[PDB]
Amino acid sequence: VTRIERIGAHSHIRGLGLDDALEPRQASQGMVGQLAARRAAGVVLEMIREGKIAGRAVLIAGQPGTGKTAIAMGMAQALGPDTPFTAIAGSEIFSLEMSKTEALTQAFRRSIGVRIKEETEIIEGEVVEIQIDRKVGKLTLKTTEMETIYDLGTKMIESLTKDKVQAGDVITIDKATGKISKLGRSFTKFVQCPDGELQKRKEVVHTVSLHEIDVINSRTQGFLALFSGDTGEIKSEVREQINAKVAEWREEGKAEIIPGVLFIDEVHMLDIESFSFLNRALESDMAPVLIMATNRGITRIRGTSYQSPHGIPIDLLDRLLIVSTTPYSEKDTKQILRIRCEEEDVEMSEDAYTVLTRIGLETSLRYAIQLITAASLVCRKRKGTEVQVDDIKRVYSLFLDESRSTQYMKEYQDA
Amino acid sequence: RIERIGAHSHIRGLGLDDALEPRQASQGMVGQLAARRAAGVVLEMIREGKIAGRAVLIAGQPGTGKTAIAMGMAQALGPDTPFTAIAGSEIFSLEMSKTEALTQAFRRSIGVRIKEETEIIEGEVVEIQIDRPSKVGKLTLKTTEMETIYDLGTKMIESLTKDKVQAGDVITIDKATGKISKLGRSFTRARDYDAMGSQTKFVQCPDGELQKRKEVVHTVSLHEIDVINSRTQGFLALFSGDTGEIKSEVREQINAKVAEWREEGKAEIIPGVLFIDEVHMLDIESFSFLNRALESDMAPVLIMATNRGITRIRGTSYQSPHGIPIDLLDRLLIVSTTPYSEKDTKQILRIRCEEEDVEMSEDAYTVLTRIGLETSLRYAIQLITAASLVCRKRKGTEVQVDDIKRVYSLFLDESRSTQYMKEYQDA
Amino acid sequence: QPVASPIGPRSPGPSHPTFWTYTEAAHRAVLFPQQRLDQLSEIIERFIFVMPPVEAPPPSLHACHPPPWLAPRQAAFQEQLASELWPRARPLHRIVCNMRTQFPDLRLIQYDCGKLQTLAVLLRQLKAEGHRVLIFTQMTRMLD
Amino acid sequence: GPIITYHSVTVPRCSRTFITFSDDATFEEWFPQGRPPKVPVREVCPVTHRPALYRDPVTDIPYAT
Amino acid sequence: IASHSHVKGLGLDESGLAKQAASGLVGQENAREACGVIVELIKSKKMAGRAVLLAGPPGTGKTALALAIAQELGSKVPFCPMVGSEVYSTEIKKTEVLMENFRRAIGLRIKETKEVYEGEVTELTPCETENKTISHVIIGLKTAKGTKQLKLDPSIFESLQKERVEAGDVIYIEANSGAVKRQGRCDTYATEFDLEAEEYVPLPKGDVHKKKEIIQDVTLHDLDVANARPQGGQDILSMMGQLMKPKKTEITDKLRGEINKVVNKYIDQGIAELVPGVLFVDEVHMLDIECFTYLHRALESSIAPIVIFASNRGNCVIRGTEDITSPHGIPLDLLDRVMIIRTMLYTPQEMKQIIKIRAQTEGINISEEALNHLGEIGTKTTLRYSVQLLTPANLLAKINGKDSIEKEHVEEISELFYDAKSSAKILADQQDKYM
Amino acid sequence: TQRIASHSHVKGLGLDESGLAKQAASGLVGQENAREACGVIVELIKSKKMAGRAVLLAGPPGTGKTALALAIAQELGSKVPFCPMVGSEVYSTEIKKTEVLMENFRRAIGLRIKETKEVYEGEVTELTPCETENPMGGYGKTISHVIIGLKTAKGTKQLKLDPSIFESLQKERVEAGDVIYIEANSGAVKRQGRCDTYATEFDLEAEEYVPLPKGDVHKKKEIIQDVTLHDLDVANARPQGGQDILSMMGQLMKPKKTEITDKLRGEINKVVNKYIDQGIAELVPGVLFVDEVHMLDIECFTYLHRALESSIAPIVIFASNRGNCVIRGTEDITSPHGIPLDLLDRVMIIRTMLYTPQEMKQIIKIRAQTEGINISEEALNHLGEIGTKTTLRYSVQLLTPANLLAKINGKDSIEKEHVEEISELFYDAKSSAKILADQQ
Ligand SMILES: Nc1ncnc2c1ncn2[C@@H]1O[C@H](COP(=O)(O)OP(=O)(O)O)[C@@H](O)[C@H]1O
Ligand SMILES: Nc1ncnc2c1ncn2[C@@H]1O[C@H](COP(=O)(O)OP(=O)(O)O)[C@@H](O)[C@H]1O
Ligand SMILES: Nc1ncnc2c1ncn2[C@@H]1O[C@H](COP(=O)(O)OP(=O)(O)O)[C@@H](O)[C@H]1O
Ligand SMILES: Nc1ncnc2c1ncn2[C@@H]1O[C@H](COP(=O)(O)OP(=O)(O)O)[C@@H](O)[C@H]1O
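Protein chains in written order, with full-length UniProt numbering: chain A, 16 to 149, 157 to 210, 223 to 449; chain B, 18 to 150, 156 to 449; chain C, 1930 to 2073; chain D, 209 to 220, 260 to 312; chain E, 15 to 145, 152 to 455; chain F, 12 to 451.
Same shape as in the complex, but just chain A:
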């Protein structure tokens, strides 16, 4: 019923609502207004899909809450799967097991995919009989269209003796390695037998990132990325030769790289040492086209008393493109609230919509989006069906906001 993923803060966003010529619609695919910044997002998405001019940075500026993250989520959705879209917060680089610069270059590598094609042959049928003559034997597999015998060699007999697989089990046998996998006991876990041919060649493609390759080629069974046991790979010894070997895979017909996308949220958390590394990491061939956002203006840079836009030094500020987002009006706010209500199961009245739009233009946009569900549930408390203005007023009274909670501080608390 309820999956691990539920209705979050960016579920309505299904992608960029652009036309064939990168012209944003008034409201489409869950994106309201934001024409200029949305079309700029479209341009960057197109030049990413192109994947020729690498090493480009963009900064989505604007007032707090002006869909700066919505644009990034829409770009991610439009880019679709099969293309790495790495999203991390500016605070995630501050790690104790690895240095901030190492974490940053690690995220960079994670934001670059490598496309490799395989031509393995996979078997898929059901076991009829398994034999063992203490050693050699025979194996009879069955599918809905045919049955056949198989000579159980050393590897096969050993693997099938180690595994508990027996007669009457739909299984798969990768003739390359011999990995046995049972998808269900029998006819009705139980599951029916497969159809078509028993042994058939299957093409497999893996979009492994340079990070995965490095972790695979660093230690004995070095695939410890699952828990990031590694504190940092050996730069220029196991990290530069992997690049040369990937270039060898390319321009030969072995593999092709897939330019990913990086989205560092709240970049103002990055210190001066992280910005210094970006000034040179974005000048290499294998560098993704990253985007970033910051709600602060000319604030202090973490590390010194210097004041600079976005809290980012000038040396990096003159190295990226800024994308400012304008404030929303009544129309845009109301349409965003309506799309948010459509995402959920709530259905507000027209007067309720106007009241919520006024409340969201008074204090802030996110406050109305939050009060949506509160009023929806308060309506269900009085045994109603539609969220009326009275419910929104009751909620506005119950739940306070930033600006109204700050003004209520006429009683001194701790400090």
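No wet-lab data here; the hints were simulated from the structure. Cβ atoms here follow ideal geometry from the backbone N, Cα and C, with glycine treated the same way. Keep in mind that a hint or two might mislead.
[As the list claims (entries may be wrong)] The following label-pair restraints were derived from C-beta to C-beta distances: (1) A:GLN255 to F:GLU219: 40 to 48 Å; (2) C:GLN1930 to F:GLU183: 18 to 26 Å; (3) A:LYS236 to E:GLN169: 39 to 47 Å; (4) E:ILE235 to A:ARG414: 24 to 32 Å.
[What the hints assert, rightly or not] Cross-link-like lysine-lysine pairs, in silico, DSS-like; alpha carbons within 25 Å at most: (5) F:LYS230 to B:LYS223; (6) E:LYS281 to A:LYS201; (7) E:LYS267 to F:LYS201; (8) B:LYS201 to E:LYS201; (9) F:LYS125 to F:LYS171; (10) B:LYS223 to F:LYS108; (11) B:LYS201 to E:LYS182; (12) F:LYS171 to B:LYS184.
Fit chains B, C, D, E and F with the ligands to the given chain A structure using the hints.
Just chains B, C, D, E and F with the ligands, lined up with the frame of chain A:
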């Protein structure tokens, strides 16, 4: 046996009556009636252990008996009740966080005593036969009242051979596990009497029934439980340095299982006290955690001794009384200690000198009280042993006024060294 | 091997000074880990009960078409590692069991049944007096 | 048959220790059997009469130089 | 033992309005009727990442309401009480604690079926074969129903050897985990030897081969840490837990991604059931600016649970910035993502009835006169101080031979013990004497 | 080898039988008020009665704190342990600050332990069983004793052992004509290979043939161990051996101190008492010399007067060099001597006076005598004069280079011109400071 006396070894407990009425100079505690009565109330609250998560602070001038009252409470509490004494600066560890150190300190003062009724045997070994080839044997145990013969099994024989006991040894046989614990030897000796051997020692044989049902008890602290349960490193809870407990996978499970044990009656509870001396060293985060760490049934009471006044809280720039934020200070009630008067300091010095086994003349007491009232009490107490050495060096009997006056000129307490610090040594 | 440890190294005999330098009493002052096991056996048995809420297979396996020399070398590596350390890790099996799974401690059998408590109290006195009892039930399952 | 019984007894007062070979008294000596004391001596070489340090594998004669 | 037990629910009417005196909670009616909507949202299992900020002066029930929220949802849904000081970890990244707590607040009830082998073992003949390792092992288990022989892998035989078991004893075997325990030897052989170190357990009942369904309830953080720190039986990989056993940092592709995919595979096939939790981050006002900034992406996640913060400060300098201040000690960017809930400061009557409620909790019989005097002593001090002169008062009354508490008892207990405000003036007077 | 140090001249406090300091004795000169003050604490240490006492050697730099501080270790002698440490050794990367203090506190408390054990050595000639007349039923004779003949350089004697010793011997797999090792107190029997004297030829096998053990077959000699509480603590903390895989972790550095107090109140700290009261060990409380104490952090200072209040703690001899200085780790605090007022309230301060020209001259003479320099009376006078200007350190350091210049210039005694030439090649702190202030 040999554990030299310390600055706080003289107090053997709060000098209180059955009605928590502090006596003047009973049981080593001199004066300080109000703070002693408060400590007695909180101790009576401790030996009851029906509410957990409270705290009491003892404040006053430096050298008024805060740590003294803490040690007195610790002593009057006696064993069978975990008491943990920690300085505020001890939690600043490098192998674990501050909150982790505080959790460990708290859980180190929560004991779980599991009562185990294991039946065993206890008697003097009279004869043992073992036929090596499986191997089979027999055993005969004797007590003052009766004797019997046992047909040992294979595993019992193996255990007795590992212990390699012989006739005359007094041992205890755990019927469940078979562990053989030998208390000593009965009146028997001379294995060959021609071979070399150590001196012989004998003890009386056990009395009463040969087999009897006794009661063993295993008392461990909640910290030791979480520790040995933290990871599979064998014989933990000592391991010389390392605790990395996980919050949910271990801690919550330990709490739940202790509650379950209390439910059925395996080991219910024995709360303790966590005397945090010099708590002003704790960081703002330490107090932030302590705020909600006391809000738990497994949170034992803690006692804090403070010497600071209106001073900034460490880790920030917030001025607050006692160097403690008013958030944590809201729970704990504070106890005030009055500076000792002339007759109080004099009697304190008298008791502290009678503890060190030194005799001082009547005028020695007067001059030392003069010094300890113009100066700090700790210096007057330190001058008790220093003056007791020149006397012995001159083959004296009891400390006179001249010896104290000489050792006073030999040393400087706090002011005769700073007043002479007029040479601009280094800064 | 012992640089400054309070106990002496392997003494091949009395001819070398190193034998007449370390007392056996001082040797008993230091407890080896297995001696700590012998000391703690009771609390190890009666306090180690926690278990991981989830236990996944050890390896984070990796599907592939790998070279033929990798899997055999890894298998030989595991064989080498296992044949050596497992004989030395046997002493920790006792705790690994308690940490692996948890069964009733047999104390609840009597606690969760009041009539069994009076039965225990009665049989105790009857055996102390030297009697022999005949316990009758209608139910056979109750005999278990 | 192969029974070796270890018997400890509390004689009178004082604890003695016996180990009896119930199988056969001959096994009382079979276990502590042997006593082959060594009787080697230096095999002076025949050439220089020096104390031999080696043994030629070909001649088997002990030599020293 | 009770420290915060007086709270046992929000004490709300069917219409959400807070029942003045109910569930041991009194006062804060607006805050409680608001937390009613919060608990209703949590039970809906529809939203994710919604944050709440219980703001108010010290000792205003924000934590009381937070625990009453847990008491309202029951023990079925996961609840993770966390303090803001747990993020400053030295053995692992700071953001790692936040992410693993967000993952740990998500529950997962997964019904599972497993098989069990048990009974009295008759014989164990390890099938020998040339490789020259032992091929298999035939074990015969005799039970009250019948006796059956079964073949197991060599690992189970090795485990049995670790147990040092013999022929004719009782054993417990599990094919899922592979762990084989030693319950003891069979009970019928108790008369064989006179005294032995073996324990005797009755012949296991039921069929030798028996299964049973277990409805287990765990959290996603458990699977995360199990896949990040694997474990198993008879595998040398356990060495990782001896030399490489620091706190783990599950990568994004593992914390998210594959774990969520396998959990969804379990759910959509009718074996698992999702249950959101409540992450109560108390004392959030002292987190680092980095934690506050990461909370942005943490809450906006579609997996994040309903969070209920609890601030105490009015307006102070944000920790980690050292130069900028904001309300509640929380930056404004995060404060826009929370639904702040007020908490009214208690009035004399509310405080008096709170003292009354707290008194009857831990078995204290307080008289009306002493109760009213506690109100007078409280209006001058904080509620938390006035509500704590009850256990010392009861203990002192037990000494005076009086079964109840009178005026003099609480007057002497109010004299032996001071409070923050009353003790601060004592230091202000003797300023240059406390150091 | 001597390897003359900077303090190899102080042999003791130089106090007479009445406790009065001589003007010049045992290498030390002057500082009578201080050498008599720090002499009482010597008897305090020799009493083994008090615990946690502290004395603060507070004076200007170079007055002699370290001079008469380590001289107490000479008066006390090497028998009692003496653990010196500078205030900068507390800061560590693998052990918390407040813990190094405790680790050093227990390293100063010594514990000497004595044990007596008989010993057997010599070539075993024969091992014949002693017959027991059918103790059980008619199965066979029994070994009541075993006659063993051990050969040594002194003589050959036959001895009886128990039947359990016979079983141990049989399972030990030894033969006759070899050297064995028996300890009757414990019973364990060890082997020392065969007898190199007659048993081995020129063969190659390094069976470690022990020569015919020289001495009586039976010998007993009390072993006297000198173990500290920190040594036994680390031993119980970092076990050794080649078993118990937990101990097999010899590849890791394992510097992991911070001994939990559970292991203190439990093991060795308890078995120490059980051996002392048993009459096996004698506690030897030592000294804990902590110089440059002003380097300790505020946390360290706070923990100091919590560990000093424990019944198990040695004396402490602080050496504070700074005057009124800011405490390290805090702000706007001007505690005197760089030590918090609270801690200064617990220490007995011994004020050392400033040396006069004649006392510094005596010190220079003594240091020259120690280094072995044949300084003349004119060179000595000029050194004293130029040392009255600067500190004593620079003055007394101009003996080695001056002696080198002398030897190079065909001399056997430092002359007036040698120290003058060296005084120009090298200068003191004030001169360099003036030269720096004159330049940029
Ligand atoms: N173009 C848009 N279409 C739909 N919803 C939007 C749009 N822009 C903003 N929003 C809504 O307004 C809110 C703005 O918050 P957010 O963009 O996350 O702030 P920030 O970018 O500063 O972190 C989002 O929760 C989003 O749902
Ligand atoms: N009630 C008391 N009875 C006897 N001696 C006391 C008492 N209070 C303090 N002292 C003496 O004062 C000395 C130091 O007191 P201390 O515990 O440091 O006070 P504070 O904790 O206020 O600093 C101790 O050596 C002790 O002998
Ligand atoms: N609604 C309430 N009903 C009864 N007592 C309350 C209530 N709210 C707070 N209290 C009392 O206040 C004390 C502290 O409240 P707490 O939860 O710590 O507030 P805060 O989180 O603001 O410090 C508790 O011991 C409790 O008895
Ligand atoms: N009483 C003394 N007798 C002889 N030499 C002394 C005496 N006091 C100091 N010195 C000399 O002064 C030198 C420096 O003194 P030192 O003790 O290191 O200074 P401080 O202890 O003040 O740091 C030493 O090398 C020592 O030779």
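Hints violated by the structure (listed by number, smallest first): Violated: hints 7, 9 and 10.
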